[PDB]
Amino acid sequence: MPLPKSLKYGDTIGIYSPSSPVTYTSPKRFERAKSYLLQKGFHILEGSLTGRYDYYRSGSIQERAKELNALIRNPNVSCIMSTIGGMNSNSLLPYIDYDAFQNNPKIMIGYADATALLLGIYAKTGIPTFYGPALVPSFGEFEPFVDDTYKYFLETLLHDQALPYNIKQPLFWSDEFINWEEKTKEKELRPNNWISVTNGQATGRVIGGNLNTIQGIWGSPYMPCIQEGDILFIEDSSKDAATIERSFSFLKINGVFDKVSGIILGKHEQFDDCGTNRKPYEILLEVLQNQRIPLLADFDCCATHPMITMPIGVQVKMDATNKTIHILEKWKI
C-alpha cells in the first residue's frame, strides 16, 4: 500500500463540505472548531464552498467535486477533512481526481456521509483512509469531550506508533443532544463499556464506516469488495430500529456475514428503539439467526463523543471477549 505522511504540527488541514452547508448554518461551532485546531498548531485551508449555501447542500455536484479536487491537488495540504456529512457525498465520486491522490497520498478523514468518499478513495487507490473527526461536529464540541477526541486524533495521525497499535476505550462518553452552537450546561458523563455480544477473536482487513451511507455506494466501483476474512466495522447514528433492521438485512442478503470474520459495531447516537427496548446489537443478532460471528459493540467510533480515529483498509485484530482492538499493519509513514 502507498501510505500518507503522518500529520505534523505546522501542517495545513484542508476542509471541504461535500454535503450539508454547515459553515453557513452553524457559524459559531465552525469558528470554534477552526480556533481549536489553530491553537493546537495546525493551519486551516478553507475550501472554495466555505460559507456558501445551497439549501440542503453546499453547492452543485460539479462545484463540490472541484472543492475537494483543489485540496487533493494542493501539495501544501497534508490532511483533508470534511466539515460535516449529510447525504450527498456520493454524488462527487465520478469526478474526483483519484490519480492525483494516488500520486501524492494525503490523510483523508471524516465520518458519517463522508464514508462514501473514504471508501471510494480506498477502493480506487488502495491508500488507507480514516474514519474519524469531521471539523464542525467533532472539533466544535465543547470541553471536556473535544479534548479526548483530539487525543485520539493525534494518536492515529501524528504520533510515531509502533505495531501493534492498541485502540483503547474512553472512560466516559456522551450522545446528549445539547450544546451545538452555544453551551447551556455540562453534558452528563456516561460511564463506558464495550460490549462482548458474541465471544471470539478475528484478524483481517477492516472495512466499513457508516452503514446507512454504504447503501448509497454499494455495488459500485467505489465500494471496496468485501473479502473472506475481512472485519466489518459499521455504525449508524440518529436512526431508528426499522432503519437499522433494513440495513442489517441488506448486509445479510448480500452474503456479507458469510464472508466476514468479525464485526465491530459503533454506538448508536440517540437511537430510537421505536418502543421496543431493544438495543441495536439485538436487532443485528436477530438478523444473524445464530450464525456465530464474533461481535464487539458500542465501539467509540461514531457520532457519540469522544471519537476514535480509525484506519480503514488495514489489518486489524479484534477480540470481542476481552474487548480489544489492535491495528497490525502500518497506515502512515
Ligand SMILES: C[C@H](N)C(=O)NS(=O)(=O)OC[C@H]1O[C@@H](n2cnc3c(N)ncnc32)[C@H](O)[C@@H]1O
Given for the second form:
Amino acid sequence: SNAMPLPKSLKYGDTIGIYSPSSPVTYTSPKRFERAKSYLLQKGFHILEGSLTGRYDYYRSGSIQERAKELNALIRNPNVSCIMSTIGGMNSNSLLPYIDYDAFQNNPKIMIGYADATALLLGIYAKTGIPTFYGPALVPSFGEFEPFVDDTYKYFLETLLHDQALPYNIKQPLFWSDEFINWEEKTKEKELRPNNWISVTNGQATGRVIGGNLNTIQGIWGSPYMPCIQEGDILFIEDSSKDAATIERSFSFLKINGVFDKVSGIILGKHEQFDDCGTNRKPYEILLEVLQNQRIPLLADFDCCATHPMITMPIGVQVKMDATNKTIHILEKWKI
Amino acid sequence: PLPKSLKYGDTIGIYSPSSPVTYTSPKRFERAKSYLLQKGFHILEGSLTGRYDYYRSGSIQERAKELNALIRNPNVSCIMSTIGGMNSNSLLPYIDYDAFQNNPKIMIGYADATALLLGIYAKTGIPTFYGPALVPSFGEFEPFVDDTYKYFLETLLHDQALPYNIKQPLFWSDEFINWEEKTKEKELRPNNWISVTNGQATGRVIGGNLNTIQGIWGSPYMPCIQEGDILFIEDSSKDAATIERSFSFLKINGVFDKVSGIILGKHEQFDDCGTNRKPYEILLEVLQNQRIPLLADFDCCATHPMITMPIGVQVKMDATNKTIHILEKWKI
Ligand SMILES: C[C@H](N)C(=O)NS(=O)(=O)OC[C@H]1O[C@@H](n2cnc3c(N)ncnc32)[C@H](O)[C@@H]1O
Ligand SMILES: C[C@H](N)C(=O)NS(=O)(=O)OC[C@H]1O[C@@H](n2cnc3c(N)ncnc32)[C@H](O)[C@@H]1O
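To complete the pair, please output the form solved in complex with the ligand; the form solved without the ligand was given just before.
Entire complex below, previous chain first.
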C-alpha cells in the first residue's frame, strides 16, 4: 500500500502518558500501580499521570466528561509519545463521542492498551486511520512481578522502540501463566508453564488485522468507532476471565453479522481463567461449533491477552498468519 | 399477518433455547406447568425438556430443531421459552422463519429470548411478545403469579379494543427468595412508574433486554431502529458498569438521535457498585441533556408481576402522566 501517516517510534527517555478510561485502579491497587510506574521510570521513561490518577468514583475513575478530558489532555500534549491505559473495565466506550480525533490526527502518538481499552484503540483507528496497539496496560502488565514483566517489556521494546525490517516475526513466548496470585504483593513464584500456540484449523492467511477484546467489541459494534471488517481481513480476538456461555454468545454474534464470511483467518488469544461451565471444552471448541461447516484457518492460544507475558500487536496493518506452522509476521510499517 | 389470540384449551409449546432450567429447577418447572394446566392450557414439552448440557440445554443444532418442531406444529398456538440465559442468538441462522410467517403463532418470552423475539419480528414482520417465560414467570408463588397471569390474558386472550391501556401494578417484588420452595411471603413493594423526563411520544415500539440486543446488533435478526420509534429497554441482575456500557453503546450507534421516547424497565437486583445511582440516572448522564421523554421502572422485566408487551406495533407513551397505550392490532 501507499505510505501513510504513522506515529514516531518510542525513544528512551520519552514520556508515556497514562489515563484511566474505566476502572479506578490507581486508587484501588496502589501497590501494583506504584510498582508499574517504578518499573518504567527505572527503564528510563517518564510518566505523565493523567488528571484522574488517584481518583475514585466506585466502578469508574470519574464521569464520562472527566474521563474524556483526561485522555484529551494527553492527546493534545506535544511532549507525550505514547498514551497507555492504566487498566480496562467496561466503560471506555462512553468516551468515544468526546475524543479529540482531529488533535490525534494532527500529532499521532502510540496508543496502547488492552481489554476494555479496545473501544478506544479501534475508535481511534476507525476515525484517523493510524494503527493502534493491542498491548500492555500500565498496572496489569508493568506491575507484574519478575520474571514475566521482563518478557512483556522486551516485546514492547522490540515492537515500539527498536528498528524492525519487514516481514517482522512475532515470536512465541517460551513460558506463560494466568495464575490468580501476586496482584498487590508477591506470595510465591508463578509457574513457568511451557508455551505453545495451537493449530486449530490448518492454513495461511494474509490480510489487515482487526480486532482486540471481543466482549468489548460488542459495545462499539455498528457505530462510527468500529472499523468496518472487509473481505480478507484477519480477525484477532481474545476474551479473558469469562465463561463458556458468554463466549458462545460473542462467537454467534460474529457469525450472524457475517464476519466469518469475510475473514481469511482467525487469531484467538489465550483465555485467562476460563470457566468452561463443567463442559471441559476449550474456547476454540466452542468457536468451532459456531463455525459449523465453514473451514477457516485458526491459530489459537496467542499471547496477546490478559495472560503473562503479553505481546504488543499492531492493529490495522497487513499480517501473515500461518496456522499450520504457527507463525505470525507483520508485513507493513506501524511506526516511523 | 398477525397471530391468532390464545384460547382456553390451546396448546403452549415450550422450548429451552439457552439454560437447562427444566433439569436444574424441576420443582419450579413442575409448578409452572401445573399452574397453566389448571388455568386451562395444554403444555407441549419441546424435545430438550429434561436434558442437560451444563450451561445450555443442548447443541446449537438441537436447540434449533427443538424450536422449529414447535413452529411447524399446527396444533401449537403459543411458543414460550422456559427461561433465558445467554445463548438464544446461536439459533438464529437455523430457524424456519418461512414456516412461522406462513402460520403465525404467539412467540413469547423475555431476557435472552429477546434474540428470538426480535429475530422473528425482523425476518417476518409479525409482532412478538415481551412477556412470561414458563419457569420464572409461571412458577412464581402467589401472590405475584396471579397478576402476571392477569396481564398475560389481557394481551393474548382477551378481546381488546384499541387503544389498549397498559396499567401499572399496585405492588412489585424483586426479592431473591422462593425459587424452588417458598420460605416466607415476599414483601409488597408499593409501585411507581417514574417521570424521568417529561413528554409524550407515539411510534413503533422496539426493544427488550438490552444486554441481549448487543448479541444480535448489526445482524439481519436486529430490526432496524427508525426515526420516531419508541425504545423499550430493560436489564436485570446487572450492575452500573454493565449498564453504562450498554447505554453508551446505544448512544454511539445514534439510537438516541432516532427514537422519540424511551421506556426503561425496573432493574431486578441492580448492583449500583456503591454509587447510590439509579439506572435512569446513568442513562441521563449518557444522554447529556438530550431531551427525550423517558418513563422508568416499567413492569416488563424480571421483577414480579410482569406485563405482556407486544413488540413491533404502534404505541403511545406519556412519561409525564405515566401512561402506555397500544394503538395498533397485535393479534386476531
Ligand atoms: C479492573 C477491571 N475490573 C478489569 O478486570 N480490568 S481489566 O480487564 O483490564 O483487567 C486486566 C487484567 O488485570 C487483572 N486484574 C484486574 N484487576 C484485578 C484484581 N483486582 N486482582 C487480580 N487481577 C486483576 C486480570 O488479569 C485482568 O484480566
Ligand atoms: C438461568 C439463566 N442463568 C438466567 O438468569 N435466565 S434468565 O435471565 O432468563 O432468568 C430470568 C429470571 O429468573 C430468575 N432466576 C433464574 N434462575 C434462577 C435461580 N437459579 N434462582 C433464582 N432466580 C433465578 C431471575 O429473576 C432471573 O432474572
